[PDB]
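K.L.:
If you want the building blocks of each chain, they are given just below.
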Amino acid sequence: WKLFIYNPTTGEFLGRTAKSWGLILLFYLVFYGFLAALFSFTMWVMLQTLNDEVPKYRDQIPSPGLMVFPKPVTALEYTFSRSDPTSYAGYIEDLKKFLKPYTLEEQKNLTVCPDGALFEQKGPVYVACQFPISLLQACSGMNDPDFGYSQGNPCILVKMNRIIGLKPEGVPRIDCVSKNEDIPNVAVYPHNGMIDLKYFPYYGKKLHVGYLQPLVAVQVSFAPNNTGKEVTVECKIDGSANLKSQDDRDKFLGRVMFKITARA
Amino acid sequence: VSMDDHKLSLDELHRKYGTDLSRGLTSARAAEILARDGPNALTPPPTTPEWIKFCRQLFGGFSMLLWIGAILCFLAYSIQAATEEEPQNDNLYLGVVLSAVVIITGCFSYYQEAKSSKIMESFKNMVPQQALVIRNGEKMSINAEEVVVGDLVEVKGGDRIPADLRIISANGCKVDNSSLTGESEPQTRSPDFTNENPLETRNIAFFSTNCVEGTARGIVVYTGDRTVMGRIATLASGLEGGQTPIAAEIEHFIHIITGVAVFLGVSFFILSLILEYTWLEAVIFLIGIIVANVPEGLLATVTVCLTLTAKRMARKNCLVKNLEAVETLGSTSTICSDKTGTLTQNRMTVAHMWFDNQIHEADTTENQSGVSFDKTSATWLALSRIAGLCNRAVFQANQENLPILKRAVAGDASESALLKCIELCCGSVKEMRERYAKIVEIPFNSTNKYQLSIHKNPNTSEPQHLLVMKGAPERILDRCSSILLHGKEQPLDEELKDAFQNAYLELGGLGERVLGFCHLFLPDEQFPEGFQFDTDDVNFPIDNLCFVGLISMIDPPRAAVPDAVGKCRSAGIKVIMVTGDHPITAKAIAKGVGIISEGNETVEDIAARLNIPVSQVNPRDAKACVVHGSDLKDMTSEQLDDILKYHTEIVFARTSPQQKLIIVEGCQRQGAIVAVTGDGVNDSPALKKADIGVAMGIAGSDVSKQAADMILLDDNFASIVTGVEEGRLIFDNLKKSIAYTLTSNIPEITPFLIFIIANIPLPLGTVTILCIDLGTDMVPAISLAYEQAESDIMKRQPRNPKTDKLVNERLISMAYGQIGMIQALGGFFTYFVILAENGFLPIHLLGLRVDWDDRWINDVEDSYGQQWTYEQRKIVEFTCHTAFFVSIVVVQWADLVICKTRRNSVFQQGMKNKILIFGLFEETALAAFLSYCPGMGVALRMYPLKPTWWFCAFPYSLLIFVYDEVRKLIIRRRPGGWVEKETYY
Amino acid sequence: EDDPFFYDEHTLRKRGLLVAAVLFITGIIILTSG
Ligand SMILES: CCCCCCCC/C=C\CCCCCCCC(=O)OC[C@H](COP(=O)(O)OCC[N+](C)(C)C)OC(=O)CCCCCCC/C=C/CCCCCCCC
Ligand SMILES: CCCCCCCCCCCCCCCCCC(=O)OC[C@H](COP(=O)([O-])OCC[N+](C)(C)C)OC(=O)CCCCCCCCCCCCCCCCC
Ligand SMILES: CCCCCCCCCCCCCCCCCC(=O)OC[C@H](COP(=O)([O-])OCC[N+](C)(C)C)OC(=O)CCCCCCCCCCCCCCCCC
Ligand SMILES: Nc1ncnc2c1ncn2[C@@H]1O[C@H](COP(=O)(O)OP(=O)(O)CP(=O)(O)O)[C@@H](O)[C@H]1O
Ligand SMILES: CC(C)CCC[C@@H](C)[C@H]1CC[C@H]2[C@@H]3CC=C4C[C@@H](O)CC[C@]4(C)[C@H]3CC[C@]12C
Ligand SMILES: CC(C)CCC[C@@H](C)[C@H]1CC[C@H]2[C@@H]3CC=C4C[C@@H](O)CC[C@]4(C)[C@H]3CC[C@]12C
Ligand SMILES: CC(C)CCC[C@@H](C)[C@H]1CC[C@H]2[C@@H]3CC=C4C[C@@H](O)CC[C@]4(C)[C@H]3CC[C@]12C
Ligand SMILES: [Mg+2]
Ligand code: NA
Ligand code: NA
Ligand code: NA
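Chains as they are written, first to last, in the entry's author numbering: chain B, 16 to 279; chain A, 39 to 1023; chain C, 131 to 164.
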């Protein structure tokens, strides 16, 4: 409109700036302060009813998911060149950072546990069983600095999602099969794809201090004959009925699909 | 087509049609002609087919925008189906729901409009046009449909022409030819042939035209659709034109809100495309936001309000031409009403008398004996002679076997009472009038305020001319130099002048209409027996008459007028009394009906009490005034405002028909919506100039009925109180409905803004956005149109159309700043509760947006160390969306309850609106069905709520209810304070 | 023995549908009340 902001006359900025504007701003400030106080108090009362050790509901996450590591730049597509040190540098750095707690130097505090038996903890100490990185052969830092890259044999860590109080029945096992007519050789360095029961159950970040989740490493052996070829690797949980893997709604429920492309 | 009787003489007129120029055709002949020809009614043309109106409802308003929404949903689903195998069906169900909503809204609006139109059309025929035909010599009132070819009608001022008339005898007849000529200037009708073209000659009536002044008599030549108006394709009445102020407010609000909604939709669409939204998702979000912000249920609310008003007008016998105009009646702040026919029963009888310098009393009805004074008095004989000779009214046909007090009449009320009294205490007026031949008469009009008649003298004295006059007592007395006392004529001196003044004070203070009578014996030498008198020429000496006496007639006020006027004054409406009668009678009637309340006094009254001159009294000491018509003539525009401003109770007297229009302009100049209640022809311009015009349905003239916007068929003055109440109710219901729809907008747009800013997972999606808009803002907002009137609807002052609009800053401030924010807070609290109960504490949610929405990151970690896949956390997010929708229904329950009233509590206005309870129950049932029905997790991504998640929004709903109740309590306890200045919308 | 990762969805949906139907019927009844 025209003017309506002029300093003269009782009307300034569509009203009275000295009195009307001040009073309405004060009323809005008080109203919104009371609203914010009520919102904060209501959330505080809600948070008083929660437990910091275990979530109130776990029915929305009944089965674990399989996720690969490190996460590629675009949609689980590992694209790298053996001739370019910078193509796979990010993967090497991320793997080194992730596997730092798994080194023998770091996890000396953790205790060794008997294999093959589910290790339940009722005691409040909640010790964490140690996972020796040596189980991942040729996919650890000790064998070579780069985790199989620059040689045509990249390492991909297949980690299983953590769920509090999950007790996988039977013997869990992650099997990986290459969909590229099985031309390359897919190797899982832990025997078969075995995941030991001594790590489960998970008791949460608060209680179960220093947990080291089981890891599975897969090397896609790219032959020197074929270069510039893309291979799809399908991994899923097999040996345990408690862990669901045949689900169509979710493509990552006990299952993962990733593609590796080597260049030069 | 030019073949008429305009150029034919009277000799061949009788032969061609077989009807006497004076007597006319007989009743049997008229019945035979009607049976041969048919009725005098135009064939009603079918305007539009019924489902053409249905399509207009379907594609009218925001329904078209919802149509584009549905088409876009279907197109997006088609693209998804063509592209990706087994796509999501959310778009398909969304388009289906949108189309169903559009169809249901359209059919509901069509049904309500059909009901309203049926009520109006059926109730419009309740006022039949009446024609004053002449049959078998006598004249009688007959329905205008029965008019045939051949009969002759007696049309006077204020009556529309029944059909094409070949005028043979006119007395100053002028008609309004605005339909053909295109001007409002009256055209004089005279029997003489003037122009070869019938359209230009002035001896023919063209049907559907209004006779402004004078009366004429003519034979019907063309009837039905054969008339001149029938030939032209354009209809005579046509359609009403003009945009109602409430309609203008609706249009402006719709434009503003649509612009705001489109801007918000486009901004959100661009922001979504920035934040890695797919094109189809962005388009669906665009249409969802745009549909959410617009109030597409507003038009149905307006139609429902109009239909309810039509219901309530029909029961009160109020005929409203345009249902939107009732809101103007509710907004009325001043009512201008005339005395005779509106504030009074218009059934007057002769009550008091004054001649021979003494006040006589006469029995109004059922005397059943000789009159108290002697009928042998020469003065009484002269007065009766003048009353009989000057009267124009004649008795109806075949009513000679019933008492005179029950005999029907054809003239005005005053002439009717004079005729009844003369018949009662005199001889037979028919033979008395036949004894004294009529030569020339000037019909009564408000400009001259008198009626003149010339009669021959067959007595022993033979002046051969009798100049009898009747009119306003004061005006004629100024034209008289002699007065007849006890049969003897003496010059009029000051003693008899002030004796007449005190006598009229005695008569005028009883609320009685009074007329004056005079006669003059014209000399033989001045005018011989073979003399022609012209109405345009003065000829005979109009002045220098001989005064005789006064007739005082009791005219009681209508029964419902006092209470209705009291209610109007208690509603903040200033009722102004404007009339052409004497100030004394006008003031008496004003005090009787309550215009001038007791205790209030005029300047003249104050001066009389204080014995000081009127000029000494300060005008401001009197809050009531009686402005004479003579003073208003020389009164300037500025001075008119002072009286209409300083005085609370104003009475106008002796006002000409144009002075009523002047007063209407003066009242409107002060920014006031005026209502004029006029029934006679003299109120034609005021009725058209007023914001709302009211005409009486029985005694009102045809021109006044045409010019008025509202017609009272029952002649009940309480109908005006009902009309203003229903206009106020329309405004209140519309304002309540608009406020409810606006609050939901903040809960629908806030989640996306917080999503962008705080980078938390999305609290509300498109499907739940549209579920809030359709589920909570259609049936509940419409039901707010069924809300009954508050207790204090008629106790509040009329709304000022300048400062108070349908949507203002206080309504927007309320609905957006306070209620909308509380609703958004409730939704966000339920969001945080669900996300925390599943493992994602509120602090952990900040910054999860990139990782949460990443389809390939399937190890999103919550606060407890668990890792979630993409689908697993998406189920939780969609449960949060469903509970956000549910939480908005719970808070909206409180908003519907608080909207129910504007100042009163819900305790004072009980839950007697069954439509509103139905809306609450249906929206709640819809929310429960959407949450808990199997297959909704695939159809629309809605998942069941755990039982305790329904109560997360309860404290905010209670907060809304309590805050609004205490705010309304502050409004009532402290009126005019800061809270009312800012919150009261 | 209470088991995590499991919720009585079928009972919840059945009770919710019953309440939705009851509210629907009551809304119809209150609408056509006389
Ligand atoms: C437009 C509407 C927007 C609504 C949403 C607002 C934005 C929300 C976005 C981010 C807020 C995230 C949460 C903030 C608090 C995080 C830190 C926290 O976790 O806090 C803890 C405290 C006390 O908890 P504890 O340690 O005892 O629990 C421990 C229980 N164990 C141990 C079992 C877990 O919890 C508390 O105090 C509660 C603190 C809540 C602070 C809310 C501040 C924002 C509110 C805004 C509303 C304003 C309304 C008017 C708007 C006007 C706009 C013009
Ligand atoms: C990051 C991207 C942006 C964030 C997300 C999207 C946010 C945008 C939210 C919607 C904005 C809509 C603002 C409407 C304001 C009111 C206007 C209106 O129609 O008023 C009616 C009225 C018309 O009323 P009227 O004409 O009937 O009354 C005139 C007054 N009398 C009675 C005297 C005649 O507007 C006016 O002319 C008067 C009120 C002032 C209007 C201006 C208000 C401030 C506008 C601020 C706009 C900010 C936009 C920010 C965009 C950011 C983009 C990066
Ligand atoms: C990042 C922040 C994002 C914030 C987004 C906020 C979303 C706001 C949504 C729109 C709210 C306003 C709706 C207006 C509807 C008006 C309807 C109507 O008919 O009005 C006629 C009426 C006419 O009323 P009236 O005639 O009584 O007005 C005359 C005024 N007096 C009497 C004082 C002379 O107009 C209004 O009511 C206008 C209300 C004022 C609107 C104020 C808007 C303020 C700006 C809001 C935030 C915008 C973004 C700012 C930050 C940008 C950062 C880059
Ligand atoms: N038929 C008639 N013949 C002669 N004089 C008449 C008359 N009818 C009314 N009068 C006088 O002329 C005046 C008519 O003025 P006007 O027509 O403006 O007001 P009114 O008499 O119609 C009262 P209202 O305004 O309520 O209809 C009245 O005061 C009355 O005294
Ligand atoms: C505003 C003042 C006067 C009263 C405050 C009432 C508050 C404290 C009450 C009313 C409604 C209640 C909430 C209702 C629903 C739930 C969800 C449930 O899973 C945990 C408890 C929780 C989160 C409640 C917390 C406490 C609560 C918010
Ligand atoms: C949470 C963030 C992202 C959005 C917040 C929107 C808020 C700040 C906006 C949206 C609508 C706005 C209100 C719209 C109307 C009015 C009326 C005016 O006379 C005073 C300001 C007031 C009350 C505005 C205050 C600011 C407001 C409440
Ligand atoms: C119509 C309005 C005024 C009142 C409606 C109250 C409704 C919305 C609320 C109040 C209490 C709620 C119920 C509380 C407990 C249960 C049991 C659970 O196994 C199914 C959900 C169900 C049945 C809830 C459904 C919704 C509910 C019925
Ligand atoms: Mg009149
Ligand atoms: Na809305
Ligand atoms: Na809407
Ligand atoms: Na709303």
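By construction, these hints were calculated from the structure, which means they are not laboratory data.
Please note that the accuracy of each hint is not assured.
What the hints assert, rightly or not - With a straight-line cut-off of 27 Å between C-alpha atoms, the simulated DSS-like cross-links for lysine-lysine are:
(1) A:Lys413 - B:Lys34
(2) A:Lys1019 - B:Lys17
(3) B:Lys251 - A:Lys912
(4) B:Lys220 - A:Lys912
(5) B:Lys86 - A:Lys912
(6) A:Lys840 - B:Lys34
(7) B:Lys71 - C:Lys144
(8) A:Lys1019 - B:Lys34
(9) A:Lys912 - C:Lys144
(10) A:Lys833 - B:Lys182
(11) B:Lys259 - A:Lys984
(12) A:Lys840 - B:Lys17
(13) A:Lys912 - B:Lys17
(14) A:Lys840 - B:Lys266
To be verified - Okay, the calculated beta carbon distance ranges per label pair:
(15) C:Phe136 - B:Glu249: 23 to 31 Å
(16) A:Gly297 - C:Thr156: 35 to 43 Å
(17) C:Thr156 - A:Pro77: 51 to 59 Å
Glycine included, each C-beta is placed from N, C-alpha and C at the ideal position.
K.L.:
Work down the list of hints and note, for each, if the structure agrees.
P.N.:
How the hints compare with the structure:
1. A:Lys413 - B:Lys34: 82 Å, violated
2. A:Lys1019 - B:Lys17: Judged against 27 Å, a Cα distance of about 25 Å means the pair holds.
3. B:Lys251 - A:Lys912: Status holds; Cα separation ~22 Å.
4. B:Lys220 - A:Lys912: 23 Å, holds
5. B:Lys86 - A:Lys912: This hinted pair holds, its Cα atoms lying about 20 Å apart.
6. A:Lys840 - B:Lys34: 23 Å, holds
7. B:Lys71 - C:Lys144: Given pair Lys71 of chain B, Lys144 of chain C holds - Cα atoms ~23 Å apart, limit 27 Å.
8. A:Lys1019 - B:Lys34: 13 Å, holds
9. A:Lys912 - C:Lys144: Holds, because 24 Å separates the two Cα atoms, which is no more than 27 Å.
10. A:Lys833 - B:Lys182: 74 Å, violated
11. B:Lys259 - A:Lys984: 25 Å, holds
12. A:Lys840 - B:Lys17: Since the Cα atoms of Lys840 of chain A and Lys17 of chain B sit roughly 18 Å apart, the hinted pair holds (cutoff 27 Å).
13. A:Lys912 - B:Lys17: 51 Å, violated
14. A:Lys840 - B:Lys266: 64 Å, violated
15. C:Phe136 - B:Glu249: 23 to 31 Å: Once the Cβ atoms are compared, 29 Å apart, the range 23 to 31 Å for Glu249 of chain B and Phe136 of chain C holds.
16. A:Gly297 - C:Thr156: 35 to 43 Å: 41 Å, holds
17. C:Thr156 - A:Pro77: 51 to 59 Å: 55 Å, holds
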